[PDB]
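Engineer: So you can see what is in the structure, the chains are spelled out below.
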Amino acid sequence: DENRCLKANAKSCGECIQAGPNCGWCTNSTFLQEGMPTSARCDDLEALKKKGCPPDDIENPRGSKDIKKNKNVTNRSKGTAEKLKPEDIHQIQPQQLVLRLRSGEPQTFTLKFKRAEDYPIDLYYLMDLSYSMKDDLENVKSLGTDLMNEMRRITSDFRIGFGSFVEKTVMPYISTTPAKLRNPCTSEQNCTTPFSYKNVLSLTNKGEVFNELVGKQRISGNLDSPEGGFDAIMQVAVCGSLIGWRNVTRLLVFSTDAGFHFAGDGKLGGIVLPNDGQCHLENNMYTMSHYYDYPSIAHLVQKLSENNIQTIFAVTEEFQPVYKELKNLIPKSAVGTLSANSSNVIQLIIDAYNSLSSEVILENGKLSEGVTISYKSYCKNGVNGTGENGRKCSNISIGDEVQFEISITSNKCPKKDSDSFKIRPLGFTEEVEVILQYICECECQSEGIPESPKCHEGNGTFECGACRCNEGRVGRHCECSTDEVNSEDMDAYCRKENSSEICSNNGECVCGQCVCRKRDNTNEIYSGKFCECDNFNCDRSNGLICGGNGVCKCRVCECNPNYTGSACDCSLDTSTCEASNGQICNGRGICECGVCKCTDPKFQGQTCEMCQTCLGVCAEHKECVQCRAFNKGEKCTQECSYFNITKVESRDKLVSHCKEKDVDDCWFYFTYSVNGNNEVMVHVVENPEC
Amino acid sequence: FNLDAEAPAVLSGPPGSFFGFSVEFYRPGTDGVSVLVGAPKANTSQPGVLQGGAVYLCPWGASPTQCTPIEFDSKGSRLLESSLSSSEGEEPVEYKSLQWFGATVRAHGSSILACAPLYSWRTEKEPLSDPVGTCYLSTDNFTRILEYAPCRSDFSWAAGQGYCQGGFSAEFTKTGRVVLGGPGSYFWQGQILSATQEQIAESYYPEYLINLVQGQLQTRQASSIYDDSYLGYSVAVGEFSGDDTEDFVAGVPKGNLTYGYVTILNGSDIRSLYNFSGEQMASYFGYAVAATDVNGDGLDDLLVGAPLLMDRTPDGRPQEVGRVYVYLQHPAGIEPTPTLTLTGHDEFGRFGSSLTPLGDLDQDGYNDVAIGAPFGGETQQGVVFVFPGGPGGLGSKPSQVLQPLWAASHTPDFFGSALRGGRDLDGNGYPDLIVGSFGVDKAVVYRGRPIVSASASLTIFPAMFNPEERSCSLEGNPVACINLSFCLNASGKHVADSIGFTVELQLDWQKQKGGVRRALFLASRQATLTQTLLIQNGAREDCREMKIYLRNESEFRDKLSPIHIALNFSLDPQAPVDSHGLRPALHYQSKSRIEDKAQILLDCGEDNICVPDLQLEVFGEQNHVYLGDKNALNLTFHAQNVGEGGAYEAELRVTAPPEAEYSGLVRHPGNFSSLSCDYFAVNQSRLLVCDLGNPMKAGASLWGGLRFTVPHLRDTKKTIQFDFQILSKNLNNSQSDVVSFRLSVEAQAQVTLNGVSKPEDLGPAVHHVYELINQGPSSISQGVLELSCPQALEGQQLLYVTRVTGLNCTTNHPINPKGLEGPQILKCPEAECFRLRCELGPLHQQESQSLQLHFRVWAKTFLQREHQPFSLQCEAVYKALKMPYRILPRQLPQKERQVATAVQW
Ligand SMILES: *[C@@H]1O[C@H](CO)[C@@H](O[C@@H]2O[C@H](CO)[C@@H](O[C@@H]3O[C@H](CO[C@H]4O[C@H](CO)[C@@H](O)[C@H](O)[C@@H]4O[C@@H]4O[C@H](CO)[C@@H](O)[C@H](O)[C@H]4NC(C)=O)[C@@H](O)[C@H](O[C@H]4O[C@H](CO)[C@@H](O)[C@H](O)[C@@H]4O)[C@@H]3O)[C@H](O)[C@H]2NC(C)=O)[C@H](O)[C@H]1NC(C)=O
Ligand SMILES: *[C@@H]1O[C@H](CO)[C@@H](O[C@@H]2O[C@H](CO)[C@@H](O[C@@H]3O[C@H](CO)[C@@H](O)[C@H](O)[C@@H]3O)[C@H](O)[C@H]2NC(C)=O)[C@H](O)[C@H]1NC(C)=O
Ligand SMILES: *[C@@H]1O[C@H](CO)[C@@H](O[C@@H]2O[C@H](CO)[C@@H](O[C@@H]3O[C@H](CO)[C@@H](O)[C@H](O)[C@@H]3O)[C@H](O)[C@H]2NC(C)=O)[C@H](O)[C@H]1NC(C)=O
Ligand SMILES: *[C@@H]1O[C@H](CO)[C@@H](O[C@@H]2O[C@H](CO)[C@@H](O[C@@H]3O[C@H](CO)[C@@H](O)[C@H](O)[C@@H]3O)[C@H](O)[C@H]2NC(C)=O)[C@H](O)[C@H]1NC(C)=O
Ligand SMILES: *[C@@H]1O[C@H](CO)[C@@H](O[C@@H]2O[C@H](CO)[C@@H](O[C@@H]3O[C@H](CO)[C@@H](O)[C@H](O)[C@@H]3O)[C@H](O)[C@H]2NC(C)=O)[C@H](O)[C@H]1NC(C)=O
Ligand SMILES: *[C@@H]1O[C@H](CO)[C@@H](O[C@@H]2O[C@H](CO)[C@@H](O)[C@H](O)[C@H]2NC(C)=O)[C@H](O)[C@H]1NC(C)=O
Ligand SMILES: *[C@@H]1O[C@H](CO)[C@@H](O[C@@H]2O[C@H](CO)[C@@H](O)[C@H](O)[C@H]2NC(C)=O)[C@H](O)[C@H]1NC(C)=O
Ligand SMILES: *[C@@H]1O[C@H](CO)[C@@H](O[C@@H]2O[C@H](CO)[C@@H](O)[C@H](O)[C@H]2NC(C)=O)[C@H](O)[C@H]1NC(C)=O
Ligand SMILES: *[C@@H]1O[C@H](CO)[C@@H](O[C@@H]2O[C@H](CO)[C@@H](O)[C@H](O)[C@H]2NC(C)=O)[C@H](O)[C@H]1NC(C)=O
Ligand SMILES: *[C@@H]1O[C@H](CO)[C@@H](O[C@@H]2O[C@H](CO)[C@@H](O)[C@H](O)[C@H]2NC(C)=O)[C@H](O)[C@H]1NC(C)=O
Ligand SMILES: *[C@@H]1O[C@H](CO)[C@@H](O[C@@H]2O[C@H](CO)[C@@H](O)[C@H](O)[C@H]2NC(C)=O)[C@H](O)[C@H]1NC(C)=O
Ligand SMILES: *[C@@H]1O[C@H](CO)[C@@H](O[C@@H]2O[C@H](CO)[C@@H](O)[C@H](O)[C@H]2NC(C)=O)[C@H](O)[C@H]1NC(C)=O
Ligand SMILES: *[C@@H]1O[C@H](CO)[C@@H](O)[C@H](O)[C@H]1NC(C)=O
Ligand SMILES: [Ca+2]
Ligand SMILES: [Ca+2]
Ligand SMILES: [Ca+2]
Ligand SMILES: [Ca+2]
Ligand SMILES: [Ca+2]
Ligand SMILES: [Ca+2]
Ligand SMILES: [Ca+2]
Ligand SMILES: [Mg+2]
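Order-wise, the sequence lines are chains A and B.
When the letters of the first sequence are read in order and numbered with the numbering used here, they come out as residues -14 to 675.
When the letters of the second sequence are read in order and numbered with the numbering used here, they come out as residues 696 to 1600.
There's no promise every hint is true.
List of simulated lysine-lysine pairs, DSSO-like, C-alpha gap at most 27 angstroms [stated by the list, open to error]:
id, chain 1, residue 1, chain 2, residue 2
1, B, 1286, B, 1208
2, B, 1092, A, 514
3, A, 97, A, 50
4, B, 1453, A, 644
5, B, 1254, A, 503
6, B, 1092, A, 351
7, A, 587, B, 1325
8, A, 351, A, 439
9, A, 503, B, 1206
10, B, 1590, A, 587
11, A, -4, B, 1188
12, B, 1206, A, -8
Cβ-Cβ distance ranges computed for the label pairs, FRET-style [unchecked claim]:
id, chain 1, residue 1, chain 2, residue 2, range
13, B, 1096, A, 442, 49 to 57 angstroms
14, A, 305, B, 939, 43 to 51 angstroms
15, B, 1096, A, 346, 36 to 44 angstroms
16, A, 635, B, 1449, 43 to 51 angstroms
Hints listed in this document are in silico derivations from the structure and should not be mistaken for laboratory results.
Heads up, the beta-carbon is just placed ideally off N, CA and C, and yes, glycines get one too.
Given these sequences and hints, build the entire structure.
Structural biologist: Structure, rendered in structure tokens:
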């Protein structure tokens, strides 16, 4: 009966459920002895049945999962009603769900996700304005018109926006000398003053307008090889409204031919202030660059993820490797090959977008201590993902449904109030909120009225039929009140026999009951009414208490399902008893404690394999011709399992053959064939001789 | 916990001057000790200079109300008139504006170096803007001012060391050697430059602004791939070589393609001895560096700070946890993989930004190290973590946490920006720690206090107490009192001769929870006694003797439970003010609580005296030990007590050999059939404890029969030793005389010999089978068996031996002639015998040796005697040459056997 609930010594019903879900608390506790405490009330559901009495009053609540709404996503995108508006169509089926958490019970739900066939795309193009990328600018002017046409096939709603990020103005990054300031390049060449962050234009439905703005843009340059693209990218995401971000998937195109400075690179610059991730742009110009130091890569990931802006990197083969390492850090982003003059920029964007769309990942909200989440996913072509692979599926085409079972476990009842949290994948405005209302109350406790006069005018909580004595009260009635001013005649209830020590000399006696004295080596308080039982007074099988695996109960070793005996180390395993022949303990004997006890006379050995005195097999095993066939005598096929061979006049004269007399007094020739170790082959001559 | 964070000294600097950026100790001890604080954006009086920056020195005073900035530069930036005459007016050759002087402050002895990297110089011949970087060297109590421009050179633009920012990170060696590392030279590759104080002063020339020194040592030039490595970002001095020359520790933040590595380079060799590579990508490994011995082996260990490390929590959300690294140097080799690491929970902690050696703060024999978290804390004020020194490794958990007393403001405090430690400001024998807070423009220094270790030990000699007789009787009522006395000792360094302490004694503490207090002090008539005791550092422990009396009333129903005596003390809260000003402290390891239990003497005697005289006599049955046999040894011991009662928990423990194992115990006493016996594995030798009884009974004699199994143990190499003794919990004469019984172990063998004849192609088959079985448990090698019949296996021979098997055997005559097939007494001696001597080496317990002899009868020979009864007889003797045992003092098994076979017609 050893379990956490019993070990917990549950004071009230609420503790039986908290200690173990299987354990149930009987309010009636009729079976429970008055002397026995509240712990004895709590018992396993299977264990309660062991008693043979079932209590209706006992409460065993089980956690359940419910759903507030069950909306249906449009299927096949057919008809005017389907995809009527962005808010109107929801990819996620269940908007939110409600479940009940029970300690020791897992809770899993099914989430149905299907890709929407039609979804608008917004494309913000961040292009390095460095002198090396000049050639790229001329192509980017005629690119916008080509882009719009290609993206129209991909999506019936495409918006093009141009962004120009160079580097933060500082004495070290860019030449302080005023002559260079006017133009970063040589005097003969024409280069515009460097600007760390500038907006050429916002997102528009017409690509032609974009073309005109690109042409006005003038080539710029920076002294350092790495450019401050990171600062420009961060500003775009945080502002949002400025870039005119919409629910339509946003491709964060980022094209540069050089490296990127990150985190506290301002140090040489002398700026010790980190980026605040806030919008300070004025007239499409960010002038807080010499105020805030370049933001860290982790900080940039937090912003892009928060605004769900897909990040696509279009960099040259020289810096390709560096950007690939960064890719793992920033999610919902891709890396493609960039031409010297951005000739294949349009081809990259198209390919990059397809890869990002196929990969879908689920992210949940911050969870309090004692709360965990498990992900189980379903994929096409028989591919199953677990752990990290379980959370995100891949190779998802338009109109393809993928489901993700999520398991949430809540224990310790930390918060009584309901916890509401929201879970959503990157690039998807639609989210899923799982709300949980923890129940830690007791139905009987609600029914139970405080200060009940039955239990000595409420001295002990009398909820339902269960009476739990309060501090200073021991028993069913708790009419003791411990020590009093007028000394009483000890406690008659404490000792069955007055002559014997109060509570069998095992503890302190009060309120007409017995609380056993604490023991450091074993469970402090012993079991029993008179505390006469003990948890460390049992026998040891071999230097280990109760076989080393048994549980001591009232100074009595109880063995496990695999053990039997006072020692309790005696296993029920008969594997050691078995021999090569295949009969337990050879021919005869009883397998007890893993050591065969030979029964048949003059049988010695571990499996009693040595019986020299024992009569010869041919003589003793004469039942093979008289039990299988010509049935007569005793019994049967348990011992003589050897196969009979139909051999006539076999030349095997001495293995050693044997001869006997039959019913008609006819000689019978037979033998048992053994060549190596133990072998079994019977050769009884069919042809009879009289 | 030694540092006095509660009242840290505060240094005041002008707002916006970035006061507290860099703080270091210069010329500590001797005449006077002063604190230097860097003021880089600090407004200077220099003409034409804006936000030049300055270093402020504050003389140690009970109150730091006075702080004077060091006058490093008393003149304006130099302008050359010759070029100015040719040109229109005058143009600044160099700009002192935004110099950020004081960004680094290093002081060795009387020499102080203040360098601002942002400071630049315009080329005289043509105008070029580059961060060359400057410094100001002060020595001999500011006797001679020297200006050193190492990064300054003819080489100009990205190609030259014109952006070097020399002095960004500067460290002084133990010899006062200057080490300036700049991260902007050679297209921002970085360059570490070092020169001695004497060489730099001699090389420096006032007339020529740009000068060169012969024998100057700097870092080597690197390729375009090595560019933007930011070499020298953080410099430190550490010794791993063990040579007189001191190695330079300088981590790269943007090195190894933005991964960041730390390289240790010897100034004389101008090369890197060993390099450390960061695991976390964009780790920024080398942002903060430090060299000190943190494990007490006398070998410098290298610490590196990576606050940009972004770790992943159980939820999976990404936070800038960061990691602090430190590696304990070994003589055999230097391990790259970090032995220990530090992880910061604080999201955006930025921890490990500044690291400062603190010497041995706890005087534990291990040096400690402070780490700075600029954006640490709930209010993001900033925090500094002090980790305790450990010989195996520095403890992961911080020893103490320091939080700024001042209320948080909207402007980031940036605490832990600069950390200085390992130098004793007041020479109290405990290293101090000064923290830089440039955001609040203040400077905070934390003083320490000495730790004193004490020990409380309460011992009661007259614990035995009986209420029948009271030694002390009061006028009101009689109540016997047990003499109670507790001794306390105190020792330490930098503590007063007399130290105030607070002793507190509790009687029946486990009965103080609403229970009737059994024992009370006789003098104050109360259970508790708190007291003050002045204890000298070198004085012997003083034990104050007190008398505690137990009550004699029928009020308490239960008195079975023993009285509990608890002594608990602590340093007095109102400690007397000391000249040093540091309050005394008590070490956590020392225990200031001693717990004792007193049990009333029950039925001791008329005089209440308990004296047991246990007697023990033991013997062993079946004493002979057969090696290799399942020997059973029953221990027979008669235990008796001719002494008085009070020997509580009497128990006989028989220490077993490795060989012997316990099965059970049977006694003769009527009350208990089987005495309880529990295993005691903790005892070095297996010991079985059987309780004779709960309360000792005078004249209680108990005969105990213990059966012990003997699992094989041939490694004993002598007679097994079993020790029998009686143990008691009594204060005096607790144990009985020890009884040691030696059990002789002598292996014995027993080989049986049994022979029978099957009788008892011409000639009926005759089978003679001789079998030897080693019934005895001792297997014997080299068993020799001599088999012999009365025929030579010839033709005139009546019998024809065919073969013999089951043991290897050699026959003098051919065993196989050609191929595998009144009464006359035919016996070996009568005719030609055919003796065959066999030999069997491999033998085991219960092994059966059986030799089958099958000599057929020669028909022609038999026909020689037509009507004669023949009786064939074959004999066999055997022996055993030796047995495989360490000792064999017994008889070696031997025997003989005959076999007969009659023939009739
Ligand atoms: C811990 O980290 C440290 C920092 O990363 C490591 O230091 C680095 O270690 C690597 C590997 O040893 C070095 O790589 C080698 O550097 C050599 C430097 O030689 C050039 O530079 C020096 C100093 O300025 C100069 O004296 C030389 O003469 C040479 O400069 C040449 O100058 C001429 C002048 O006209 C110019 O034309 C040349 O262009 C220029 N050098 C060239 C060839 O471009 C190189 O020589 C080494 O090159 C190897 O391969 C060459 C081609 O086959 C061959 O010719 C060379 O003989 C040689 O085999 C090689 O590149 C890093 O420089 C060094 N970085 C530093 C010091 O910061 C440290 O090593 C590491 N721990 C270890 C393992 O020790
Ligand atoms: C609380 O428990 C008591 C005692 O069980 C209930 O009183 C009634 O007692 C009788 C006799 O014990 C119960 O009969 C039982 O029936 C089962 C059937 O398997 C049998 O195995 C038992 O030996 C016994 O004969 C009876 O069930 C029970 N009353 C009812 C209505 O079942 C009492 O009702 C319980 N409720 C409360 C709040 O007291
Ligand atoms: C892990 O992968 C295995 C496949 O290797 C999944 O087992 C599959 O279980 C599904 C049902 O959950 C079976 O799909 C059924 O297919 C039949 C047609 O064959 C269709 O008529 C049913 O409506 C249903 O879709 C599938 O046969 C079965 N595959 C096999 C052979 O194992 C398993 O479900 C995956 N892990 C999960 C998500 O539990
Ligand atoms: C819960 O316990 C409290 C005590 O902690 C009860 O209050 C008082 O308890 C005393 C002792 O049980 C009562 O005195 C009793 O009087 C009867 C005769 O009426 C006598 O036979 C008993 O031996 C005892 O002396 C006392 O009446 C009672 N009330 C007072 C005045 O405080 C309390 O009644 C119990 N119920 C609750 C929760 O109210
Ligand atoms: C810059 O850091 C990178 C790691 O971020 C280094 O790449 C690493 O290169 C080594 C091979 O040289 C790979 O194995 C290492 O080998 C050494 C022995 O040579 C061994 O002691 C180390 O434990 C390690 O296994 C290593 O796998 C590879 N990076 C990875 C993926 O771990 C690179 O070597 C560093 N800079 C250079 C090129 O020196
Ligand atoms: C660089 O820019 C200047 C303008 O700032 C160019 O001057 C222009 O030249 C064109 C003819 O090519 C004239 O039509 C414009 O009127 C001029 N503008 C001004 C403001 O003078 C100059 O030609 C450019 N130089 C180059 C291309 O190197
Ligand atoms: C994208 O969808 C959301 C769905 O609510 C639209 O509503 C915005 O939701 C965000 C959630 O943080 C709020 O911060 C905005 O204030 C909401 N905007 C308004 C005015 O409804 C959102 O408008 C859509 N995208 C747009 C048009 O910005
Ligand atoms: C962008 O770069 C490509 C590089 O191939 C240019 O393509 C070449 O254009 C020249 C004419 O200017 C042809 O002679 C070459 O044959 C083309 N490439 C090859 C490999 O054949 C392209 O013209 C450039 N576009 C612009 C105008 O920037
Ligand atoms: C990703 O899915 C696509 C289908 O949408 C896979 O491409 C085809 O898959 C089918 C079914 O397995 C095969 O019969 C075809 O031969 C595949 N190729 C064609 C012609 O589309 C694709 O293989 C999947 N991912 C990969 C490449 O492993
Ligand atoms: C540290 O720097 C020195 C340069 O002084 C390195 O060169 C050694 O110089 C000493 C003379 O001072 C020679 O005796 C050694 O032979 C030189 N090095 C070797 C081992 O060849 C020296 O190598 C560096 N430290 C060491 C010895 O590791
Ligand atoms: C207080 O503490 C010490 C710690 O052991 C006690 O033991 C003494 O230790 C010192 C160490 O130098 C020895 O010199 C002494 O001989 C030890 N005690 C004795 C018996 O002299 C010490 O006894 C305690 N206080 C006292 C009684 O001096
Ligand atoms: C020993 O006695 C002292 C008496 O002061 C106890 O110290 C007090 O402990 C309580 C409970 O922890 C605190 O609330 C008080 O603040 C302590 N004293 C004061 C007022 O300063 C001490 O707890 C006792 N021994 C133990 C177990 O610590
Ligand atoms: C202990 O106290 C008793 C009085 O109860 C006294 O007679 C005796 O001398 C004391 N012994 C000491 C102080 O050693
Ligand atoms: Ca280009
Ligand atoms: Ca740049
Ligand atoms: Ca050295
Ligand atoms: Ca060390
Ligand atoms: Ca220490
Ligand atoms: Ca000090
Ligand atoms: Ca006595
Ligand atoms: Mg560029």
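Engineer: Just to be sure I understand the hint, the distance between the Cβ atoms of residue 1096/B and residue 346/A should be within 36 to 44 angstroms; is that true here?
Structural biologist: holds, 38 angstroms
Engineer: Residue 503/A and residue 1206/B: Cα distance at most 27 angstroms?
Structural biologist: holds, 14 angstroms
Engineer: Taking only the CA atoms, is the gap from residue 97/A to residue 50/A under or equal to 27 angstroms?
Structural biologist: Holds, at roughly 16 angstroms.
Engineer: Is residue 587/A within 27 angstroms of residue 1325/B, Cα to Cα?
Structural biologist: holds, 19 angstroms
Engineer: Residue 1286/B and residue 1208/B: Cα distance at most 27 angstroms?
Structural biologist: Distance ~24 angstroms between residue 1286/B and residue 1208/B Cα, so the pair holds.
Engineer: Starting from residue 351/A, check that the Cα of residue 439/A is at most 27 angstroms away, please.
Structural biologist: violated, 49 angstroms
Engineer: Hint says 49 to 57 angstroms; check whether the CB-CB distance for residue 1096/B and residue 442/A agrees.
Structural biologist: About 53 angstroms separates the Cβ atoms of residue 1096/B and residue 442/A, which means 49 to 57 angstroms holds.
Engineer: Taking 27 angstroms as the top limit, are the C-alpha atoms of residue 1254/B and residue 503/A close enough?
Structural biologist: holds, 16 angstroms
Engineer: Residue 1206/B and residue -8/A were given as a pair; does the straight-line alpha-carbon distance stay at or below 27 angstroms?
Structural biologist: Within the cut-off at roughly 26 angstroms; holds.
Engineer: Please verify whether residue 1092/B and residue 351/A have alpha carbons no more than 27 angstroms apart.
Structural biologist: OK: residue 1092/B and residue 351/A at ~26 angstroms, within 27 angstroms.
Engineer: Measure nothing beyond the straight line between the CA atoms of residue 1453/B and residue 644/A; if it is 27 angstroms or shorter, mark the hint as holding.
Structural biologist: holds, 16 angstroms
Engineer: For a C-alpha distance cap of 27 angstroms, please report whether residue -4/A and residue 1188/B respect it.
Structural biologist: violated, 53 angstroms
Checked against the numbered hints given earlier, the structure breaks hints 2, 8, 11, 16 and satisfies all the rest.
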